[PDB]
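Please model the complete structure; the sequences and the hints are all you need to start from.
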Amino acid sequence: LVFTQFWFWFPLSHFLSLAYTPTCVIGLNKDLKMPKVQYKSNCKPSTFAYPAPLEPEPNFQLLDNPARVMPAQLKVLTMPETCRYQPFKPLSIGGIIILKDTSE
Amino acid sequence: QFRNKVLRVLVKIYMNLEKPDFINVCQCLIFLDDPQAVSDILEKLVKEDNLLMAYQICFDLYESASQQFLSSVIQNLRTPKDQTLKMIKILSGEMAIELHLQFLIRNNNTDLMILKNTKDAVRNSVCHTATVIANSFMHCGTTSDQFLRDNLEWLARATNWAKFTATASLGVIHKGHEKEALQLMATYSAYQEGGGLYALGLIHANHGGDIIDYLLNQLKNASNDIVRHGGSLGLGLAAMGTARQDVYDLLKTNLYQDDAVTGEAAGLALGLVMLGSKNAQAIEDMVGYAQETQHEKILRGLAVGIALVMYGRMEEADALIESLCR
Amino acid sequence: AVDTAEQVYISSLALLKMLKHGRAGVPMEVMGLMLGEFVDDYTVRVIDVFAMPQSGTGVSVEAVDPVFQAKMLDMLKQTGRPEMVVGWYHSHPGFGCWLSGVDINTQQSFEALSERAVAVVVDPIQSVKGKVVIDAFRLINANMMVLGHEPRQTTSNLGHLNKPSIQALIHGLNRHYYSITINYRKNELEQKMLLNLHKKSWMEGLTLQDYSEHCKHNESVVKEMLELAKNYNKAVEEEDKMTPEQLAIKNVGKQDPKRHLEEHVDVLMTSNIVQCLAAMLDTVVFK
Amino acid sequence: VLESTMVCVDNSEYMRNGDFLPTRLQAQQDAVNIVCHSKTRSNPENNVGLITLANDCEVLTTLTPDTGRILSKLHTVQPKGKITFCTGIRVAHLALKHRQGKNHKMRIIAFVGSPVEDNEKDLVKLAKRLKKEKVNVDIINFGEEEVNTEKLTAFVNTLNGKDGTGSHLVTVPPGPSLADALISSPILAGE
Numbered sequence: 764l765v766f767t768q769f770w771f772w773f774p775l776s777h778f779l780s781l782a783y784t785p786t787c788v789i790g791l792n793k794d795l796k797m798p799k800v801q802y803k804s805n806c807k808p809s810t811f812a813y814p815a816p817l870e871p872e873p874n875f876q877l878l879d880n881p882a883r884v885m886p887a888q889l890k891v892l893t894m895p896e897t898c899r900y901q902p903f904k905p906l907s908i909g910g911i912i913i914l915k916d917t918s919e
Numbered sequence: 192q193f194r195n196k197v198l199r200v201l202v203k204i205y206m207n208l209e210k211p212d213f214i215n216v217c218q219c220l221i222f223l224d225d226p227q228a229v230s231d232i233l234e235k236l237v238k239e240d241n242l243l244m245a246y247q248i249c250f251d252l253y254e255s256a257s258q259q260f261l262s263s264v265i266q267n268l269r270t318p319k320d321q322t323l324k325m326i327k328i329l330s331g332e333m334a335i336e337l338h339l340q341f342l343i344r345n346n347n348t349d350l351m352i353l354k355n356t357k358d359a360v361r362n363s364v365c366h367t368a369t370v371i372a373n374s375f376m377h378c379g380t381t382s383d384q385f386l387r388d389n390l391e392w393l394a395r396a397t398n399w400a401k402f403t404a405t406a407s408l409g410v411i412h413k414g415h416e417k418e419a420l421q422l423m424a425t426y435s436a437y438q439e440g441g442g443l444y445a446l447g448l449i450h451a452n453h454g455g456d457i458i459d460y461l462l463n464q465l466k467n468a469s470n471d472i473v474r475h476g477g478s479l480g481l482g483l484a485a486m487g488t489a490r491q492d493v494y495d496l497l498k499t500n501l502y503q504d505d506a507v508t509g510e511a512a513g514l515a516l517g518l519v520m521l522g523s524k525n526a527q528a529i530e531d532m533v534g535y536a537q538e539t540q541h542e543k544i545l546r547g548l549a550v551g552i553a554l555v556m557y558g559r560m561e562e563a564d565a566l567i568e569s570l571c572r
Numbered sequence: 024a025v026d027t028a029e030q031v032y033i034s035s036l037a038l039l040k041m042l043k044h045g046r047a048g049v050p051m052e053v054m055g056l057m058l059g060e061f062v063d064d065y066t067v068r069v070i071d072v073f074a075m076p077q078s079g080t081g082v083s084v085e086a087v088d089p090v091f092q093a094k095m096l097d098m099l100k101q102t103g104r105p106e107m108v109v110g111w112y113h114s115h116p117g118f119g120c121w122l123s124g125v126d127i128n129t130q131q132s133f134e135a136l137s138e139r140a141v142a143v144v145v146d147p148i149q150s151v152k153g154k155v156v157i158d159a160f161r162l163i164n165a166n167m168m169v170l171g172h173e174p175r176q177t178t179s180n181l182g183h184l185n186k187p188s189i190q191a192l193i194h195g196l197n198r199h200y201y202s203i204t205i206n207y208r209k210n211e212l213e214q215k216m217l218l219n220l221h222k223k224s225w226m227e228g229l230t231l232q233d234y235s236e237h238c239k240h241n242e243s244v245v246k247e248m249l250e251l252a253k254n255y256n257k258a259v260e261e262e263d264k265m266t267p268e269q270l271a272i273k274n275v276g277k278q279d280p281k282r283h284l285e286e287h288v289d290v291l292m293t294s295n296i297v298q299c300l301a302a303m304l305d306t307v308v309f310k
Numbered sequence: 002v003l004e005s006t007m008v009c010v011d012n013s014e015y016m017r018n019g020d021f022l023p024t025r026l027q028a029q030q031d032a033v034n035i036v037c038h039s040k041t042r043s044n045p046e047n048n049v050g051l052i053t054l055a056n057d058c059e060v061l062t063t064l065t066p067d068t069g070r071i072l073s074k075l076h077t078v079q080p081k082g083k084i085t086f087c088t089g090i091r092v093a094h095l096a097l098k099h100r101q102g103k104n105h106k107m108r109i110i111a112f113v114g115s116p117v118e119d120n121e122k123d124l125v126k127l128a129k130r131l132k133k134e135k136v137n138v139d140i141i142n143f144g145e146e147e148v149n150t151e152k153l154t155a156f157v158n159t160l161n162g163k164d165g166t167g168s169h170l171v172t173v174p175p176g177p178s179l180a181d182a183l184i185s186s187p188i189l190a191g192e
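Residue numbers (the authors' numbering), protein chains in the order written: chain A, 764 to 817, 870 to 919; chain B, 192 to 270, 318 to 426, 435 to 572; chain C, 24 to 310; chain D, 2 to 192.
Worth flagging that the hints you see were computed from the coordinates, not collected in a lab. Wrong hints could be hidden among the right ones.
[Stated by the list, open to error] What follows is a set of in silico ranges between Cβ atoms, one per label pair, in the way DEER data are often shown:
| id | chain 1 | residue 1 | chain 2 | residue 2 | range |
| --- | --- | --- | --- | --- | --- |
| 1 | D | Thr65 | C | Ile193 | 52 to 60 Å |
| 2 | A | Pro895 | C | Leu181 | 53 to 61 Å |
| 3 | B | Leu350 | A | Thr767 | 23 to 31 Å |
| 4 | B | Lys524 | D | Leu3 | 56 to 64 Å |
| 5 | D | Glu46 | B | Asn525 | 31 to 39 Å |
| 6 | D | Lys81 | C | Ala301 | 43 to 51 Å |
Backbone N, C-alpha and C define an ideal beta-carbon position, used for all residues, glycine too.
In structure tokens:
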């Protein structure tokens with residue numbers, strides 16, 4: 764609202780900082796820390812990436880614990896078959912999730 | 192009313208399963224308000240020692256619930319210790335903004351060639367300010383002060399209410415980096439000071455720490471209209487939702503100081519501070535000042551503020567809506 | 024620095040006075056002073072205006088008469104307005120809304136006394152019922168425009184006035200002077216009298232048209248309707264027959280029976296229905 | 002001192018009386034001449050107007066720094082009718098209120114040598130109104146030294162109150178032209 768209200772005062776153009784919502788999935792252990800987990804997405808690495816920054872083609876991708884995940888590239892997001900960490904909240908929900916741990 | 196009743200029934204049912212789906216229960220409570228129930232459930236989680244899910248629920252609560260709801264939950268919990323403190327930190331922003339800040343800092347795949355081309359194309363103050371805003375928009379939490387460190391002369395070219403915009407861009411790029419406030423604005435005129443206060447508010451957007459008190463003191467001690475405008479913007483931005491009587495009083499005094507530059511910011515900041523509150527006193531005061539004053543800038547600010555003061559309150563607004571429309 | 028959001032609010036009385044002076048002195052660039060107050064740094068009310076003598080030829084501004092100005096101001100203060108001079112207005116009958124060299128010199132003279140003085144240019148000839156051609160101006164500094172500065176500050180997006188006209192651009196806009204946006208004050212009380220204009224008394228509302236004249240008018244109009252019916256029969260016949268030129272070049276210079284017949288039916292039906300209703304209402308009320 | 006004054010002149014039928022040489026009309030003309038000359042010699046920003054008290058209770062010339070206009074207008078005057086003087090003073094006070102110079106001290110000087118048949122209650126009421134609205138009056142009486150002098154003294158005292166010195170009265174018995182007394186009166190003496 765305040766950003767759109769910039770005609771009468773340009774300095775109000777910065778209010779989009781509020782609207783900017785990081786689109787990401789972050790895995791946290793029981794220690795409120797970031798384990799080096801690897802999420803798996805069954806999406807081609809051209810349907811979801813930054814284009815032209817300044870095997871023919873796989874249907875496979877992997878991301879680190881801090882992961883850039885968009886609403887479109889979140890439903891197909893998953894994790895490997897077996898891992899030390901299992902996402903308590905389904906990945907399809909998105910957001911910052913917690914990872915239940917195995918024995919060690 | 193019927194939606195609330197259905198939510199009550201759904202919450203009660205969810206609290207009857209072999210695997211109680213507390214994430215959906217907490218979503219229902221968020222949509223229902225009533226923070227006491229979620230606070231009691233949260234203490235029950237602490238007692239049961241279910242830290243994983245008891246922490247996922249807190250992440251969800253911070254993500255969705257409003258600041259007032261979060262504060263109510265916090266005070267309810269006030270009325318073991320390490321778990322309580324970690325949970326309170328998570329609920330009241332602590333580490334919740336830091337996680338996103340660190341994530342965005344490391345994931346900052348920006349492309350500065352686009353902005354090099356843009357600034358090559360810039361020829362006037364409008365485009366200069368637009369490029370400043372674009373740089374701020376591309377950085378956001380990512381604190382890469384790349385251009386604003388490399389090109390001091392290009393930044394220094396624009397003046398007047400362009401120092402304000404550049405400092406607000408500093409606030410945007412430093413957003414989330416709440417730890418180094420004051421210490422970090424020590425890097426950087436009335437326009438500069440107002441922009442710095444607005445940048446502090448922007449960095450602490452929707453996070454009412456001691457920066458609210460700092461902004462209150464600086465706005466009380468403010469001497470120029472530009473600095474008062476910047477301080478009001480920053481204070482309201484920091485205290486959005488957190489309806490505080492002292493903040494309201496200072497902002498109202500600044501508004502009643504009938505200067506257009508400070509008046510617009512004062513109206514917008516009153517609206518921000520009292521967002522969703524719907525107190526007849528402030529609604530009446532703002533409408534009366536809008537109808538009394540003779541400064542179109544102050545009218546614009548008060549219009550935005552009156553719009554914001556009722557963010558929620560969907561149906562119980564028709565009286566004010568009709569009055570304003572007529 | 025000045026902002027690209029300044030707004031000159033010309034009151035209804037001010038606008039009417041400028042337009043009257045305009046279509047009273049033509050082609051002379053008649054001139055007057057605009058009285059108001061700089062309420063803030065972004066707004067200029069022009070509460071009133073008053074003309075100047077316009078001595079002799081007035082194709083150019085006439086070096087405002089200080090004694091006349093002073094006596095105007097003193098008497099206005101005596102009988103009301105305690106307001107200072109916020110600018111000067113003058114007429115450009117058909118030229119447009121630009122400023123000449125003499126206008127620029129006079130506006131320098133006004134700024135020297137008051138840096139905020141505005142220069143309003145009205146166009147009484149080009150004004151029409153619903154859009155009055157008028158523009159506010161202040162002069163750009165040669166010093167800054169040579170020393171690389173924009174003599175306006177773009178805090179707002181209010182610099183979209185009308186995509187300034189080519190006439191103004193070639194006559195010196197955006198180089199030696201800039202246009203200030205103009206708005207108007209609506210009170211809903213003066214508007215009541217402005218609406219009372221065009222109003223007809225109940226005498227006229229209830230009067231019946233002379234019955235003999237009404238009958239003669241109906242007879243005549245029906246006669247033209249008869250002739251247009253003949254011509255309409257002719258035209259509809261040779262309309263679908265060929266349409267190479269029927270689109271646009273088959274009615275230019277020639278009467279359109281359908282159009283004129285529609286006009287005649289409209290006018291006569293209006294007249295007859297209105298007179299019938301008037302007669303009936305009269306027969307009852309005046310019983 | 003900035004002074005906005007008006008001279009109320011009674012021009013009743015009695016002002017063909019010859020007790021003042023040559024006639025009360027010429028004596029009044031000389032009196033207004035000298036008082037207006039004193040006003041001019043005072044702060045030139047001071048301005049003077051003229052009111053005639055008769056059956057019409059009219060205002061001849063409003064506030065104006067110039068004096069020739071007032072002199073010509075008063076010369077173009079004849080004595081007719083009776084005096085009201087209540088209208089007179091009220092209209093004078095309205096002229097005071099509607100003066101271009103608000104900073105000018107309000108002043109009415111009334112030549113009222115005549116029988117004033119107005120009830121003392123309304124006289125005192127008007128005096129109280131004038132004093133509470135802060136207009137001082139310097140009344141001048143001649144001819145009838147007994148018929149109305151008591152009423153005028155009471156009126157001036159009512160204006161005075163306890164310390165309202167601005168209100169004054171000057172009564173002159175018959176004799177030569179009404180010049181020596183007006184010159185050697187407290188009113189022009191304080192100028």
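State, for the Cβ atoms of A/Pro895 and C/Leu181, whether the hinted interval 53 to 61 Å holds or is violated.
-> Holds, since A/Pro895 and C/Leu181 (Cβ atoms, about 57 Å apart) stay within the stated range.
31 to 39 Å as the expected CB spacing between B/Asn525 and D/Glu46, which holds or is violated | violated (56 Å)
That 56 to 64 Å hint for B/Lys524 and D/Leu3 (C-beta), does it hold up?
-> holds (57 Å)
How does the Cβ-Cβ distance of D/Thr65 and C/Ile193 compare with 52 to 60 Å: does it lie in that range?
-> Distance hint for D/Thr65, C/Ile193 holds at roughly 53 Å.
Okay, D/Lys81 versus C/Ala301 on CB: inside 43 to 51 Å?
-> Violated, since D/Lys81 and C/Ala301 (Cβ atoms, about 59 Å apart) do not stay within the stated range.
Take a look at whether the Cβ-Cβ distance between B/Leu350 and A/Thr767 falls inside 23 to 31 Å.
-> holds (27 Å)
Comparing the model with each earlier hint shows violations of hints 5 and 6; every other hint is respected.
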